[PDB]
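Please build the complex by placing chain B with the ligands on the supplied structure of chain A, with the hints as guidance.
Each chain, written out:
2 protein chains.
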Amino acid sequence: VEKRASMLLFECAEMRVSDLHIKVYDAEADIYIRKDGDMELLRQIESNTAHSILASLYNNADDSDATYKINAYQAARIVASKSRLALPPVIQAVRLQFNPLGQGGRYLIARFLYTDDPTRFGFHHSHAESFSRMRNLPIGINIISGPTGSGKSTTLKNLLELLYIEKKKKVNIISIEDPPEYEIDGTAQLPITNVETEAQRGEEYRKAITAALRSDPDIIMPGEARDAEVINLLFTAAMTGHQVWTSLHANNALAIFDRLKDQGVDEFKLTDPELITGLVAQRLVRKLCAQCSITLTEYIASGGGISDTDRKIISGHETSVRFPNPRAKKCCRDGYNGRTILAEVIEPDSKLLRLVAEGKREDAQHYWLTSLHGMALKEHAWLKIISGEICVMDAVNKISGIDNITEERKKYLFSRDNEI
Amino acid sequence: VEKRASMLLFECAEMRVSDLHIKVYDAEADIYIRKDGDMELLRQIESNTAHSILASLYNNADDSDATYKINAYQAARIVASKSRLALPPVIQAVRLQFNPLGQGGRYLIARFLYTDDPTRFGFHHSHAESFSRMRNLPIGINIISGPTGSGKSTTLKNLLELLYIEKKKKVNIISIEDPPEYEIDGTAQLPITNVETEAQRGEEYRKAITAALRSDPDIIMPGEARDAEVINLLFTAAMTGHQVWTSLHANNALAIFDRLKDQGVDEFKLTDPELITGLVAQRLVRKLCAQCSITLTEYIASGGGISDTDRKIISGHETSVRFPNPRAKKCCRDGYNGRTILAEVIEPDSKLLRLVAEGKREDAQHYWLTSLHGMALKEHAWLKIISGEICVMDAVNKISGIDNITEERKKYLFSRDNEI
Ligand SMILES: Nc1ncnc2c1ncn2[C@@H]1O[C@H](COP(=O)(O)OP(=O)(O)O)[C@@H](O)[C@H]1O
Ligand SMILES: Nc1ncnc2c1ncn2[C@@H]1O[C@H](COP(=O)(O)OP(=O)(O)O)[C@@H](O)[C@H]1O
Ligand SMILES: [Mg+2]
Ligand SMILES: [Mg+2]
Ligand SMILES: [Zn+2]
Ligand SMILES: [Zn+2]
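Keeping their order, the protein sequence lines are chains A and B.
All letters in the first sequence, in the order written, are residues 107 to 222, 231 to 534 by PDB author numbering.
All letters in the second sequence, in the order written, are residues 107 to 222, 231 to 534 by PDB author numbering.
FYI, nobody ran anything at the bench for these hints, they're computed from the structure.
It is possible that part of the hints are untrue.
Note: identical chains are not told apart, hence a pair may lie in one copy or across any two.
To be verified - Below, computed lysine to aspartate or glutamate pairings styled on EDC-like, alpha-carbon distance capped at 20 Å:
#1 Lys281 - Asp142
#2 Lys284 - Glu146
#3 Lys383 - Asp463
#4 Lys401 - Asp231
#5 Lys512 - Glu476
#6 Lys426 - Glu521
Looking at chain A on its own, in the form it has when it is part of the complex:
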């Protein structure tokens, strides 16, 4: 049934969910949507209809042949206005993955791609100053780290839009992205055209990187650093006299070096402070509605209670924190509004990189937090909890270790933010 798939994709585009999960059991099938990170239950339908939608989704993709069969792992992709019937204009590509599930069941996951105040998107002012400092530098490599849900592409787009204006259009910027999802002024995104099979995608990505290096690159923005060859090419370009802005998957701002050593980057490449200009780690959390703004007493009287760690976090400022209001008001659909970025930005020095390269993780963290006046993800999350922008539960679900901050550090951060 193509009509059911059309309405399902229309609903997914209208509510702007990220990924769509369909689990088909022997009796009934469940539909889940990943909207703003959290997963919600959309609908529950019969198994035969869901099997029909899954077959229609697989048959309409660009992976024709290797027909739809149960108990098989199958990957596919649907391109808008290119793959048979048309798609909503907000969606460019849908990546489909089919997994077996039990006996007589299926598991489909569709990852949608969307076409889609400039100074701060929830950043701290220290992060903005650090961003300006790294934008002023003409030579170096910058790595943006975080999960797939965080706003890395938007951050890079905004940084390059600011940098193009700041340079008075006297510099050339070249970006390499396999999907040209975000339009950036004066950047000339280079797509990957002859992708062919999935195994040949990396070779064409390397070819695009080398072609961009044979150009006048100056500033380079690859979409993602995935394998060792692309990272080696980027590090070679960084020691040549080019500026590189890249995205990486990592758990921490200081854990970027672990990923680079996993890929194969040598120690003398990571030792230079002039090369590795900046490291950014990002997470996205939900912003509480500023109009409802119920307090801790109202949340306790309504129902529910906080745990011991949440109480320990709250204990510094009781009345300053706010909690979500599930009253279904007209101002907020669910009370969670949009989303904010919690981030940490590090500008390395010689001593910090020497401490990192020697394996002294605790010493390097102490040097960054004390001598360099740094701020981690947990401290920014605690500050946003105290300010009342976000809830404690979402922060402790996204970031761990908020309760481990000492009282002296909390007082120092509060005094530093109140003085400025």
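Relative to chain A, chain B with the ligands alone:
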């Protein structure tokens, strides 16, 4: 349309731009030129005409077959008086790169090659004395480092012209260059003739290097050190009893060793101070017009303002600095005249190389700046800012870290230059 291409190349030769960029969108195409490093907007035309010029440029190259197709990365080269119709005599070769850009768009970059007081080309007198000292030495390897825009080939040409006169024509000099772009007296440039495909160019370069080594080389000037095999051959020739002058791509004068270790040079080759005779890092900046010479007060009254870091740099000498005059006077076309070299020259010792090999970057830099009386790029840029030759904005765009110089170092440099 071949006529439009002919006038475009005539304009590019007449204004002597370095590279030419053409970006073709769905509606209109933009033409950019890289003149004196900065990029300027030449013209805006329609998409069909620009596509016609791009097709005519690709078809007239030496890469016939593999016809001009959209969404494909294509490399080509045009040789003057050899590739079908003739070219201006000032241009030898034009390297063409074609990249996809969006849907129904293209991106062409053409890199022109040109045919093209002897003691200083903007150098400091310490750099001239160091150059004389390295020219007097009969055995060693010298590496010139910098970006592709800096004047490395001209510096090597001038150094070899001075050295041939200083040696009273009692020595043999052999140079290896793939383009024989610069004519040097008594040097006998060896070109690469049977280049065939682009992948076979390195093998013929190695063959030319080995043929030059089978000659009486004495002093050798390869065009560029690109791969590990050529660098290994040059290091083998340096330990044999030959003098090597080479060009390398690097970010810093002391960062040459990082590139050499990346290529595969062992530690005992880099430890010897008698082998690595000198290291030079070069940048090119724009020279302010000496006739207009407006001050800081005139620049402030005309419009615009300097930032906090620029004010911190200026604060030592307010009236000594000068700013560009955009009055469109008859003496200067744009107020930026020609270009000057900001460079750093290091003559290594045993202790400095031992500190570099042990990974002590800060200790090696301190030893070079204090014990060896060295001068970095930032200090030379600051001295040229104070003298009034160049503007602070161009220097801070080209070189970072000018504001990090301490007041004691600034006073020491000013007193040292005023005493001599
Ligand atoms: N303040 C915000 N900052 C970043 N992203 C936001 C923000 N608010 C909403 N979003 C949404 O987060 C989503 C994910 O960001 P994205 O640019 O796609 O990064 P990534 O490529 O790593 O997934 C975006 O679609 C964006 O619309
Ligand atoms: N004082 C100067 N020193 C060096 N180059 C200069 C100077 N003034 C103008 N130029 C120009 O800089 C351009 C680049 O120098 P070049 O010899 O080509 O080095 P490279 O081979 O690394 O590009 C030259 O074409 C030269 O005409
Ligand atoms: Mg992304
Ligand atoms: Mg050269
Ligand atoms: Zn509300
Ligand atoms: Zn003038």
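Within, between, both or neither: how does the pair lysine 281, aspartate 142 come out at a Cα-Cα threshold of 20 Å? between (35 Å within a copy, 16 Å between copies)
Is it within a copy, between copies, both, or neither that the alpha carbon of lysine 383 lies no farther than 20 Å from that of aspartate 463? within (14 Å within a copy, 24 Å between copies)
Alpha-carbon proximity context of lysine 401 and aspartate 231, limit 20 Å: Within one copy only: 16 Å inside a chain, 38 Å across chains, cut-off 20 Å.
If the cut is 20 Å between Cα atoms, do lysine 284 and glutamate 146 qualify within a copy, between copies, both or neither? Only across copies: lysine 284 and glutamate 146 sit 7 Å apart there, 48 Å inside one copy, limit 20 Å.
One pair to classify: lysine 426 and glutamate 521, alpha carbons no more than 20 Å apart. Within, between, both, or neither? Only inside one copy: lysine 426 and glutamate 521 sit 11 Å apart there, 38 Å across copies, limit 20 Å.
Go through the copies and call it for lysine 512 and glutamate 476: within, between, both or neither, with a Cα cutoff of 20 Å. Intra 22 Å, inter 37 Å, cutoff 20 Å: neither.
The structure fails to meet hint 5 from the earlier list, while all remaining hints are met.
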